[PDB]
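One structure, pasted below without further comment.
What you see is the complex with one protein chain gone and the rest in place.
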Amino acid sequence: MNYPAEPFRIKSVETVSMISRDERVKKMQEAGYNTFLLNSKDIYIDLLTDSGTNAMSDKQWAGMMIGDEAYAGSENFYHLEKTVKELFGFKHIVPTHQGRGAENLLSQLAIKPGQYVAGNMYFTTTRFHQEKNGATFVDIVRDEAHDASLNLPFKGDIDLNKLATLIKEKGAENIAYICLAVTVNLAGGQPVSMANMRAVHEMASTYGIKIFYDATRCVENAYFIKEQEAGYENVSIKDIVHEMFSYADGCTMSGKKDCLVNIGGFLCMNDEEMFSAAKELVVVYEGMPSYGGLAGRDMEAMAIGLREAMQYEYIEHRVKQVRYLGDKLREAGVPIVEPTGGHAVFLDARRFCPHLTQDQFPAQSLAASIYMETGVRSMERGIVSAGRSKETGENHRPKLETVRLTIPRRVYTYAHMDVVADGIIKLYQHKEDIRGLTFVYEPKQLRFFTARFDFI
Amino acid sequence: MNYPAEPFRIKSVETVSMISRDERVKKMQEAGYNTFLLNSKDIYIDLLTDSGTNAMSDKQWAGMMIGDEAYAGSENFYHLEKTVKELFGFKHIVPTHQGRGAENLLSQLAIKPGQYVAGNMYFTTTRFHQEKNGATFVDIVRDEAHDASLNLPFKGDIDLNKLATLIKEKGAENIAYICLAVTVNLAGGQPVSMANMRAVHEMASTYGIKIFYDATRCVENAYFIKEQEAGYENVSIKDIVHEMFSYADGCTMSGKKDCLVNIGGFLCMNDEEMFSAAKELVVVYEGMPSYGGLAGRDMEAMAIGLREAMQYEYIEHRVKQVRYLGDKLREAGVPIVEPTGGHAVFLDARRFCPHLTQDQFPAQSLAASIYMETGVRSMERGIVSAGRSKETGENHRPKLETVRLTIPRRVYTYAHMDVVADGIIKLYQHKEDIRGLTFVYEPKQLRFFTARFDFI
Amino acid sequence: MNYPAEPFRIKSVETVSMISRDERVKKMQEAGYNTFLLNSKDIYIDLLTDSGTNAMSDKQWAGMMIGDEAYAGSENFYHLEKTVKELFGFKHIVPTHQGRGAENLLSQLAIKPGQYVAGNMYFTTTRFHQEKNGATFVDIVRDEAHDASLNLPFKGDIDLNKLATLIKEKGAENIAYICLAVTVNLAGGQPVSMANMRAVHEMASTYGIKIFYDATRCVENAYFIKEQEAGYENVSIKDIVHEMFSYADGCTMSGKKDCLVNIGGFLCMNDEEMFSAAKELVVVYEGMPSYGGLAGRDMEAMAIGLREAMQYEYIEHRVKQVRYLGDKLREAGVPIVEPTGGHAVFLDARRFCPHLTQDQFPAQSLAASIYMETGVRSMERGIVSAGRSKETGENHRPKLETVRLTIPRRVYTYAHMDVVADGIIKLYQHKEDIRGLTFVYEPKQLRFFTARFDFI
Partner (left out) sequence: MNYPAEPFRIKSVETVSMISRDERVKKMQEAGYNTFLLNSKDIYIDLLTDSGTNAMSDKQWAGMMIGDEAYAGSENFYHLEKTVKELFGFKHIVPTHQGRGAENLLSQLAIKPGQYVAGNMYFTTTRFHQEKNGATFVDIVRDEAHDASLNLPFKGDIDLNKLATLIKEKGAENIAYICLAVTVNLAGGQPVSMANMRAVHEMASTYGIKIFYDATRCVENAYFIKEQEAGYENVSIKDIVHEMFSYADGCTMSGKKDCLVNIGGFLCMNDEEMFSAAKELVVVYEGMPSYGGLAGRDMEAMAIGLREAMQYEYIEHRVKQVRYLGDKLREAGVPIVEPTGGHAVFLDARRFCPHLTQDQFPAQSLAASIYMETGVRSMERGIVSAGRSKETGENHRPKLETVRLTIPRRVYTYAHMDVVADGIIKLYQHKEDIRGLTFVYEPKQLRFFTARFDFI
């Protein structure tokens, strides 16, 4: 019922051009009705992603001025190494320019062809490197996680029965590692309980199976645990995060998310053998282990942001601001995925546009409409992005045809949230007016990135 | 009824420490219950002033990086000179480190001992330099302006009958110049209509009297003209600002206000004789005419800021965010000054605390309570600031005993406004609880700046 | 005989702590006499590498303030794409966090198992990706390039007879592409003449072979052409660079070198098929094609830096400052690699320490001595870095046992060069005093990065 005011003041702003609706319609047109083809400069509120779109603090910007760009022995690296070792509790750290860079490394080092990798759902880049290195992905998340309507807490929890069964039918020796993600993106940014992580660790530990977290949004997960897990009411975010990682053997992290930066990531591990091997591999892909594809100034900004992310008031507002958007939409009966995750709100384009068939790209059309009416860009996560089968050469028909409204950290206000909520509510009240779309140009690769459409 | 969402995104934020109510009470104690003694770091929302507390843009910060610190011929100066000439339309410009710097200059140049200076109300620093140079200030603002309850538009307007009479009982030749201020600070930030400026210029131009504006908040004034003056509904802010100045002979500007900067100001004029004399005088007070006590980077930032302030959406949201605070307070029956100005909301401490006599400093105590309860700093504008008579050595009893809630530009959100509004409304419901204050230490000079008190 | 003064002024400085010789000796001891283990903060002059250690301009820092961090459609991306298209002349560009990131991409896209890749010498990362993807590297550089004493111009040139013979003995169809590097690192930073680039292109065009440049230091190369190639005396650096690339099908670029930045790189190509395939591949390794693992601000700084690098006076001073260090050392009879390249000076550790056998690591010891005596860090490029055979498990005995003095761009002065030169000349006069080293700890991987030694 209550939403907190920003636990910070605005130090500097990014000016935006408020173009008319007539202009937005023309721009949408030229973009082929594909929000991905829109120019950043032509967008008022950009909710395409929460990756690298964060606003830094004055302290981080101060850190950006004292970048020690030395190839080795940089003071910024020591700062990052010390901070991560202190907060995550891992023994070694290898910086990487992004989260995927770390995933490429881990997968090349922890997977042997024909092995299995079990995890609670997946993410495109992380799953790619897994399979790329000869492994078979096995989803062991609870089934309720797949129910977009089920309003249940900790939908990202792993189903221990599915895990135990896997171990039984394939053998511990055949499971490279368990990839536990926090939060679970695919499900809408759903958290994992501390009880589950503890339980999975107990089982895996019994069979000597490795556990690597995809901690890109571990602080948001930390907040849900503090908010909804019994006994964690009075535990600090910092302490919750420390315990979370005490059940993992390492992790891949995208600083571009919860580390409050615009670039940066890293790989963590306790194993010395794996650390030494990782050091040799990072050289050819990211750079020396002393900087890993990151400028010294960026390692400083990331070490600072990680620390800023631990402030309760900051994360509470971050998550509640997303909750605010979901709440407003739910109050008007707009079809969204439940419950609201920590970083975004997903709209059910299917239920939103019942007059359209998935083959008429409702999610893509909804997104286009959202921009023309409010100037906010959202990302289509439906049939268009799902792509079309290689063999049958036909469109994949994903279970969910959604439009994702992803919120960057510390960039928008509740007033901005009202602009997108009011705009979508108005669209919903006249949803029959939303037209279907058709391909006028469909590239072969990355079709969602450059395909152009036209109304049916 | 409707308030616009911020026409910008947050680029960087200023971290703030949220200290408990207990700590705030302790800090206020140590500060002698005087908000002017509180440490900036101990304040959540600082509404002490709108001067130099503005948030700059990414474009301004980029300019901050290309400062041409040359003692002469700096590129930044040319940028500023070109901008001001374009936007204000004046012939010459002399930069100064602050608005007062410009006033000191114009006063030493346009005033002759015994001459008179008429204007709509006054400001401390400006009137000082006026008198300091042997001149008598004559307030020619409409009487209604003095009525804090009269909800009347353009209260800052000049009484043309009060003027004509002045010219009559004293002689044009005895009036140095007319000091028209936009907006009028003393009344609460009230605007002056274009019709008034034009009429004043018509009369003065007749008797050859000089007109110099105090344009510190000329852009807020322009917004009121576009919003409430008939015929300007469709005129651009830029076009309104240009005409405003077409009725003046020069001006003194405080970039710290409407120029969206943290430091800076300038003096403009068309007279070449005055310009040449100004050049000679600036040398000994601010610095060369080519920089006047401002770093190159700051002249660049100010040139950029002035341009940014011309954006309608920006100024509209600026003024409306202040209106929002006023509306919320009025809705709860809190006594405030009417109508709401463009840069601040003034609380009527007299009506707020009817259980306290002015000699118990209601405004001062109201300000201390507001901080201890919400963490927001406000400024007292009553008996404590009015000081005490030199002769009678007794406290001056100002007509209005108010607490000023001044809003910096682009720094806070409506959520922030709700924090100060809900806290003052709650205080009002239990106003009888507010205690009177007493001097435990009263400096002789700048008492309001360092005086310390204690509860009665 | 003449060296030009810096074609720029200092805008900001990086403070350094000048520790004593006693302190430096203690520091060196603690670092196991390995310069790779020294803290950047304990170094006065760091000549470890010219990679990402460059000093940016005020215009570049201004650009760092206007980063459009949008996931797609960023204004900075357009700035970089337009700039590179204009200066390099390639049709398409794909940004990468670094040069290796672009190499990984090109190798995966242009090599098929069993094919051959011919080039003028090689670089560690680039060769790794070549072989990693199933190709056999063939060195076709002129034989003189291997004679470190031969003072001959354009030692980086490709031997057209070696290339023609390759095409003859293996079949044009079996040659993935020709990898022409400018300048040639391994030889000491030696240039490639325009005549050679044109001839190579003529032959390759005949057989339909692909040509991709490893342009990390193409601007330094351009200067040498302007300085020593007949007919280019009056051609602009900008025009020479455009012609160079007119003979290639694409290129991999490390912005960390000649683009005057601390991070960044990119992949260029004219072929649309390859461009489409590269776009799909960059996603999983670097990021969207619209940012490729680089923050928007960095794409802006790299675009600006590339344009700054085209100024003749800047590149002339850059190369000549390196020539200055080499001239001073040569004048004193200190053994170095000839002629001096464009980014570094290589000391011949073998001839420097004739009292030591390569097995006693002369280059590693010379490097430790240079730091203890002057406070400047250099990199060992000899037996330690060469490593030990995997099979025989024995140290590789590289032909050249050197110490590299790599000069960052726009970071040091001639006075700093005098410091390293005078210290090295002094050490040379008592070279017999340099002690041999022995491993006290030899890691299995990246041994030159963390190995620790002790005097013999």
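Quick notes on this structure:
The letters A, B and C name the chains in turn, as written, and every chain counts its residues from 1.
One rule holds in what follows: contacts are C-beta pairs under 8 Å (C-beta built on N, C-alpha and C of every residue); 3 or more make two chains touch, one makes a residue touch a chain.
Interface note for the absent chain: among B:8, B:33 or B:36, the touching residue is B:36.
From the options B:58, B:286, B:308 or B:327, the residue with contact to the unseen chain in the full assembly is B:286.
Only one of C:28, C:38 or C:55 touches the chain withheld from this view, namely C:55. From the options B:5, B:48 or B:384, the residue with contact to the unseen chain in the full assembly is B:48. The omitted chain makes contact with subunit C at the following residues, 3-16, 18, 45, 55-61, 308, 311, 313, 410-416, 418-419. Even with one chain removed from view, subunit B keeps its contact list with that chain: residues 36-43, 46, 48-49, 51-53, 64, 67-75, 97-98, 100-101, 104, 124-125, 128-129, 132, 262-263, 276-277, 279-280, 283-289, 293-298, 443-446, 449.
What subunit A contributes to its contact with the hidden chain is residues 58-59, 61-67.
Please note the rule applied: only the chains that are shown with their structure count from here on.
Centroid to centroid, with C-alpha atoms defining each point, subunit B and subunit C lie 58 Å apart.
If you average the Cα atoms of subunit A and of subunit B, the two centres end up 46 Å apart.
Annotation for subunit B: residues 58-59, 61 touch two or more other chains.
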